[PDB]
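Heads up, the chain below is alone and in the form solved without the ligand; it's given as structure tokens.
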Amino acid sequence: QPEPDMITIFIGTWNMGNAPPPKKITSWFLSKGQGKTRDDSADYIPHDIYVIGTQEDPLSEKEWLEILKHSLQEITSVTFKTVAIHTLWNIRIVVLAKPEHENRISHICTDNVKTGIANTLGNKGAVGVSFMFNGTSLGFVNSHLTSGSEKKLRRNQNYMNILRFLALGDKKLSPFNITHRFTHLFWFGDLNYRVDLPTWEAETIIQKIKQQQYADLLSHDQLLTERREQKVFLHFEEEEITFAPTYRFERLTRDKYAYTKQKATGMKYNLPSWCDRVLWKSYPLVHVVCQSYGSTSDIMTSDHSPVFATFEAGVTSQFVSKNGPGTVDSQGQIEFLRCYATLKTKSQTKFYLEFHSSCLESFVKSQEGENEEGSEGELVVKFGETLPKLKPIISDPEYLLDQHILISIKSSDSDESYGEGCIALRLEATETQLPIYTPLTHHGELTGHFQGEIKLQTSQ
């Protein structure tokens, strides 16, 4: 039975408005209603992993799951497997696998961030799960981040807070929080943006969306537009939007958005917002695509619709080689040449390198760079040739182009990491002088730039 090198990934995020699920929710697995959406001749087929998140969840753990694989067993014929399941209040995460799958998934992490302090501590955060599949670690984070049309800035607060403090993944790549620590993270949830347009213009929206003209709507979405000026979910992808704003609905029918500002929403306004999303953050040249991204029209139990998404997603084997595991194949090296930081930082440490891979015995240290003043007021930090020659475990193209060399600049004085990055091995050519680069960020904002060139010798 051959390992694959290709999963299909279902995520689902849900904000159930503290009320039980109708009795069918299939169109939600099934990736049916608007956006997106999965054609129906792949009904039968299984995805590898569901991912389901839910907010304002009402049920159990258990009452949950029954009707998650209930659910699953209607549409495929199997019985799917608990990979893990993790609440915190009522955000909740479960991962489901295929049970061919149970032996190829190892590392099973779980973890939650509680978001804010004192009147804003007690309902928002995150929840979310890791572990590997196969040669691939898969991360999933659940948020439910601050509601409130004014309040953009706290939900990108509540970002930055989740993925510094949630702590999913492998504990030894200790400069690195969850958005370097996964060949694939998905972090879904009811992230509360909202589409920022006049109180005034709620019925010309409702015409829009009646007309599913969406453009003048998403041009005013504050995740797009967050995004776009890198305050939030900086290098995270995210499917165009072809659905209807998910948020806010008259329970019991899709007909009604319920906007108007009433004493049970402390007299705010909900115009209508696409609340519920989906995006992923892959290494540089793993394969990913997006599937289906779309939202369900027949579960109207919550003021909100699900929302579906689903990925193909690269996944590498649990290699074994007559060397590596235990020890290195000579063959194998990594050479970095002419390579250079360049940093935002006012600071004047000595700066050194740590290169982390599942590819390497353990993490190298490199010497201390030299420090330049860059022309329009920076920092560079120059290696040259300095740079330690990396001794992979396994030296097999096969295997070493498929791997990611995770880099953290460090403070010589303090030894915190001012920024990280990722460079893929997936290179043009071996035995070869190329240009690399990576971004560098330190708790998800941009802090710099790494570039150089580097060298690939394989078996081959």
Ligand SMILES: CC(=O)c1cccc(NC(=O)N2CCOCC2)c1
Second form
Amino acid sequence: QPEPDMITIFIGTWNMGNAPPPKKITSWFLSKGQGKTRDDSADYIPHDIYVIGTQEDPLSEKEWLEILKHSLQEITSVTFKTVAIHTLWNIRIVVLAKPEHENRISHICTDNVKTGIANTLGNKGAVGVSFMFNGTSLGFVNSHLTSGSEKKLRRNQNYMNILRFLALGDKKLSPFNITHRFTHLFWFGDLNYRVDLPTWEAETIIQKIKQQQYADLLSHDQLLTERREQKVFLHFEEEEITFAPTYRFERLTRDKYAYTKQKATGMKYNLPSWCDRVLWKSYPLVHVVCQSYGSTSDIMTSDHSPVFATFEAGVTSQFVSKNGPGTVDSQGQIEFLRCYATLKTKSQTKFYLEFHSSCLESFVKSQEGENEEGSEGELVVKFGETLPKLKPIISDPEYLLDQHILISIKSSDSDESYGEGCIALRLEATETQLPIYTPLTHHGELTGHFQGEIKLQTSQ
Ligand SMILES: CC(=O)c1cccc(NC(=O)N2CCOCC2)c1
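Swap state to the form solved in complex with the ligand from the form solved without the ligand:
Every component of the complex follows; first up is the chain already shown.
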């Protein structure tokens, strides 16, 4: 029975509004309703992994697991295995997989982050799950960010706290936050970003939604605008939104948006908004294709509609050779030529690099680089031809060309990372000098760039 080189992943996010779900929620797992929907001809084909994020979830873990498993069994005639479930307050993540994957899944991690301080600490935050699927690392984050149209900056702060403090994936990757630890990272939830238009335009907005004319609304969506200005979710992707705003509905219909200020809303307007989102970030040159992104039309217990997204995602096998794992394969090497980091820092310490990769027995520290002044104020750290030759565990090009090198640039004075990035080994050529490049981030904000050349030797 061969190992897969692709899987499909279902991501669901639903703010349940503290209400039990209706008896049938299968449309959610089938990607049926509005937006980019799944073809009917696929309805019986199970996804490999289903990741369900809820917010304002009033159910016990047991109650929700029973509904989810019975839903999937009805659709697919497959009894899914529970990979992980984790709850913070009323924020929950469930991971289910086909039974055939049980012995492909390992290193399961769960964590949560509570956002805010005092007043603002007690119901918002995130839960997450990570695991290995054969040779591929997968991370999943369900966040419920701060509400309210005038709190986009708070949401952005909530995002940075979650990606700094959520402890998922390989703890040996110590310089790297969750935005660098996984082959594929999916981040979803009630992100709570709003359509920033004047209150007086509420009925105009509703009109536009009835005509399925979303362009002049999406141009004011705070998540799209904040992302464009590099304030949040830097280097993440989102599929085009082609479904109506998923908030705020009158319960038990979808015919009405309930936007007017009420005591129950803290006297805040809730203009129709795309609160409920799925984003992702995958390592460079790894296959990831969104095959659905939409909302259900027939699940009406909440003031939010469920959102679905599905993905084709490239995966690799758990590779064994005669040599690695357990030794190096002298027929393999990774060399770096003419490399330099450009950093936004005003500081003047020496810097060194760390190279981390599951193709190495352990991480590699470089010598200190040579600091120069850039012509526009910048710090340029030159490594020239000084970087160590990296010794992969396996030389087979079928393995090595699918790997990635994480790079941290660290202060000699403090050993703190000033920037993290990732280089793909999916090169156009081996035994050939080729340009490489990554942006560098720290706490998910841009801090610089790393560029140079690579020369990869495989056994072929
Ligand atoms: C740089 C930047 O972030 C940017 C800039 C312009 C447009 C978009 N569009 C999206 O992000 N979309 C399309 C609509 O539905 C969600 C995803 C993004």
